[PDB]
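The chain below stands alone and is given as structure tokens, in the form deposited in one PDB entry.
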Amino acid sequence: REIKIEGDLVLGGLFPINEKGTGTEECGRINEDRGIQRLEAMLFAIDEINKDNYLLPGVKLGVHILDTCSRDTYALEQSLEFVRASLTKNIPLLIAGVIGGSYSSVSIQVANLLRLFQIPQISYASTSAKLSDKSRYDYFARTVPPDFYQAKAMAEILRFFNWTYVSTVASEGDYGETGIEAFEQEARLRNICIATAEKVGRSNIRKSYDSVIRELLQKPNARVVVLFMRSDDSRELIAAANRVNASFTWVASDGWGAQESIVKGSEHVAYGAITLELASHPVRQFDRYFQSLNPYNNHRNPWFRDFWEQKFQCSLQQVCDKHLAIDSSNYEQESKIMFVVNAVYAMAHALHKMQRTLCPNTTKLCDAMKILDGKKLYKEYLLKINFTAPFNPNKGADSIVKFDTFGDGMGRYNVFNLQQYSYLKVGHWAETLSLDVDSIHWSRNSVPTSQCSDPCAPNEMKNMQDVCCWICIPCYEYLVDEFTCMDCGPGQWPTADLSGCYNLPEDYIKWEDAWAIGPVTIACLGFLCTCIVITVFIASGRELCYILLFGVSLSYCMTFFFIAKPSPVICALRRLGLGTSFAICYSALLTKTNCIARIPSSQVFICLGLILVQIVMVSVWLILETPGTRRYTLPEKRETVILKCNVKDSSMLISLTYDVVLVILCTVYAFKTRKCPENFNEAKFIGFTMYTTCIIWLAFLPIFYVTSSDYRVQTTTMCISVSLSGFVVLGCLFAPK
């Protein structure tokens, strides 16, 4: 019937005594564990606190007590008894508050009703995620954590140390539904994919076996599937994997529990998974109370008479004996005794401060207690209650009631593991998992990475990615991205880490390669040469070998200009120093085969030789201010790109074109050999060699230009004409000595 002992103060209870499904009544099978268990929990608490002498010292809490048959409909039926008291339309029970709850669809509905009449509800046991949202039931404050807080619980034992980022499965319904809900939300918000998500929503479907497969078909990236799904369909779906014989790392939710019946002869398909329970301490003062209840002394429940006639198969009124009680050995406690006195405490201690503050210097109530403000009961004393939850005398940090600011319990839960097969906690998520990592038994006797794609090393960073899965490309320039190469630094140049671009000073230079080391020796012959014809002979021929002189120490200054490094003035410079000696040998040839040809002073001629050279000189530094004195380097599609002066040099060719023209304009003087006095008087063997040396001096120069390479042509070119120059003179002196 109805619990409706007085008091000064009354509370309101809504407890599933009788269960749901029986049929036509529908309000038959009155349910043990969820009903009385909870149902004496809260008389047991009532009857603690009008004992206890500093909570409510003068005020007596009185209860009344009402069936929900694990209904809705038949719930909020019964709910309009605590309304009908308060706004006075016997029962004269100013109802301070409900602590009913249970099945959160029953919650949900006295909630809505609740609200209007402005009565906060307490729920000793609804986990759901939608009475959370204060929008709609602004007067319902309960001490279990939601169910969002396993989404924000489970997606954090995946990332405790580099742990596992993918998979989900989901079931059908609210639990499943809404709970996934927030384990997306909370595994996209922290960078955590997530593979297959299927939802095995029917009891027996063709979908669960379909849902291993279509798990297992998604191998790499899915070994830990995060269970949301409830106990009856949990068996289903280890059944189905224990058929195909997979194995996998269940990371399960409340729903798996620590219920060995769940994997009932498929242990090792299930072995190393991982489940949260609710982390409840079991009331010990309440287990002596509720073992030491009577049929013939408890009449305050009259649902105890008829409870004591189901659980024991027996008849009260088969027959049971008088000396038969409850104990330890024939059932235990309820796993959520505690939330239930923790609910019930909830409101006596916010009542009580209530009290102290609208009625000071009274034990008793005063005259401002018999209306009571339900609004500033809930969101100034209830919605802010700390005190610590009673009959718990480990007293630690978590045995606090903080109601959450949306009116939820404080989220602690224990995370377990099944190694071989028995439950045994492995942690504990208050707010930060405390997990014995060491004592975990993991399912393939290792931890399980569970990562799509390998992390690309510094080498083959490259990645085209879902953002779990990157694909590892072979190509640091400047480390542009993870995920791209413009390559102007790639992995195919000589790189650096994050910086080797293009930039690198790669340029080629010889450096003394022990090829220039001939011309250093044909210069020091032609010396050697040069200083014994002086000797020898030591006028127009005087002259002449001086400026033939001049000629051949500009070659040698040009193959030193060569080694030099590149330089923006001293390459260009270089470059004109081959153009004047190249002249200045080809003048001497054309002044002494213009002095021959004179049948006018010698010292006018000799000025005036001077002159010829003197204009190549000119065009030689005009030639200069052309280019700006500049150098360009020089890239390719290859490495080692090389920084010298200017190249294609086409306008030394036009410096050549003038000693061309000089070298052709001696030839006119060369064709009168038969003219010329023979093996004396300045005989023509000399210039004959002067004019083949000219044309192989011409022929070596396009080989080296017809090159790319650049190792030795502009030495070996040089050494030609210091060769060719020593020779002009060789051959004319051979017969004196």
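Positions refer to the first chain, counted from 1. Note that the rigid core is defined as the largest set of C-alphas that superpose within 1.5 Å between two forms. What changes on going to the form deposited in another entry:
Just a single entry of 197, 366, 643, 76 exceeds or equals a 2 Å CA shift between the two forms, which is 643 (rigid core superposed). Residue displacement note: residue 718 has its CA displaced by at least 2 Å between the two forms (rigid core superposed). Put the two forms on the same core and the Cα of residue 51 is off by less than 2 Å between the two forms. Core-aligned CA deviation for residue 555 between the two forms: 2 Å or greater.
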Contents of the next structure:
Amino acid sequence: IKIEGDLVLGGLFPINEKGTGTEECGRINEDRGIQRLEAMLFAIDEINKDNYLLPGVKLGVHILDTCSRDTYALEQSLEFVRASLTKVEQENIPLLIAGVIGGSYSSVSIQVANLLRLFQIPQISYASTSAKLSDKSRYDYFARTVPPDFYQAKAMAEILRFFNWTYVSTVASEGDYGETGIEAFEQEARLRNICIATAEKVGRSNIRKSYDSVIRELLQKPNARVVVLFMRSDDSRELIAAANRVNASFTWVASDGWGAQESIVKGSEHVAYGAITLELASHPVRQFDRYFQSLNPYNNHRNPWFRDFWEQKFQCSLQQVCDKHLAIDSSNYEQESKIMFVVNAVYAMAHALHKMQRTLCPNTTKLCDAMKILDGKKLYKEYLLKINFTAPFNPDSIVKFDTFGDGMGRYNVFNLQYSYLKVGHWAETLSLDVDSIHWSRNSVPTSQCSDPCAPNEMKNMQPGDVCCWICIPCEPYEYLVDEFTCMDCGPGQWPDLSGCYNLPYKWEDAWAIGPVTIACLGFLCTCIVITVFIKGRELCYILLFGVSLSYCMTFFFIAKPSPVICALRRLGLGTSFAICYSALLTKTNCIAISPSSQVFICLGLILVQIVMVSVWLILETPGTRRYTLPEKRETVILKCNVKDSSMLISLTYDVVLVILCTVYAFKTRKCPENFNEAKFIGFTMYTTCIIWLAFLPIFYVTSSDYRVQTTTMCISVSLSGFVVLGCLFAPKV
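Starting from the form deposited in one PDB entry shown above, please give the structure in the form deposited in another entry.
Partners and other molecules omitted; one chain follows.
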């Protein structure tokens, strides 16, 4: 079929089928081929009768059969290039085409785009939506009015973005459709870190058991109850048939391969209930229907295949039975989905050629001599890819091409409810209705590999993928810091984005106030005793100083603990014992080496005590520390030093020397004069005994109660010094 015109247009419509082997062109296609072919013929007549597009130049066509085959399209397409650039003894003269409209299947549009790119002929495919046609490095002279396939994958995740579904499983088809879609999906899905569970490439209707094995691999991940489908129409039907076979409930999200066909869900409506699906955002062309209804072989001689179309549609073999005045009516007719895309493709060239005509031939309206040869590169790059016009007969319906010659990406969101229902649409903003969904509203799923986590449970190890975090609750001693690590805070400020580890000061009333009164009571008695003016007399006054010194340490011991306090307290305990013990061993070994032994005895006793203190300070550092096993215990200091390695040894050594001296002071004194003094020395042994008893059990065994374990033993031996203070009223009044 060729129609004479000043600027003829190409056309490659799959009128026939792939046939059987040598029979390359079998039964003729009736919805994809004839409806789209007559759509372009309808569009061309509209352009010719139009007065604002190509009003002087008449637009012709050169339409050809693709036969839905790659090689057959190439041989047919040679009749396009043979006219334009083949400038080599008039019949069947070919006309210089401006550009082609053909290419329905992406397979045949690629093989044509690879040919016309060499001869500078623009191509617009009305239906081919393959992804590999969007790289202008190869198919530079190519455009299309349908969005590419990977726009679906970008639109697919939008629902996953809008419905918060993350842990998803995907199944793709063995063909190119899906093996370029799920690859495009995975790259785009992970943009919001969509949490892909699995990925299965079901065979092209290989075996029924394959679909079952897929379902086995699907239900084994119950945390992913939203499954995304990019399968073709044939495979999609067989999968859900297997799903109904084993009653595998799911929430399928499927592409235009599912579309909005009732044939897919025929006999398995219940299993696929509530599935969200997409299809091309088509729009019926009302005017085309009226034109198509008014067709019959009596008045339509342009189409050579129309005779077979009448025979195949209205069944008519050699027996003719088709002899009848019947026409084509809505009873037996269906405007094909991509008819609006076919008529848009033609009007893309008409507008591209009209704008180019208005510039290259500005004064005139017909085809001026400047277009006797058409510049293919200029027409495509400078006029086709930069076009903007509302779609004819369809009052967002504006036609344009992106930088890759692909059309604007509109879609319609269809949910299975049994009938499909448009639940919104996606062009660039997913403006679907949150309601009106059936199995995604009442049983609205939220597919995650793991549950959300409370502040107690932070530490995640992600046993599965990165998006399968499992939170274990860090202990209060460990504390909860962040979802990837548990931090600490120490003392106070219990956790915020930080846990709490250990972090290490006791104002008592009875125990705390008791030492002050005891020290004050001793000070008053010492002052009263020292206030006498009667006359080892100085030793007793010095001994009273040690008792006063011991009381002062207790008063200082009532304040907040300090590392130097333990060292000072250690000196105070030794000094207090030395002061009391030094005075006792005076005027004793009289009756019973050198005559001048009092100075040596006094010097030796003081030197021994200083040696122990100096050794303890040089060997051991009197620091500060807090003793607590639990990490949630009070953040206060418990033991400044060890108190056992050195404090226990040092404390025991001081008491032992004093205890032995007190016992031996009266055990074998051998001095009967002043027997009252001997009894007092012997009776003073019990004063030191109470301190040892109150000191060992205080912190040796069961010393956890630091409130009274340490404070209780502070004043344990603070009352021994009052025994000999008042023993003076008997001799003198």
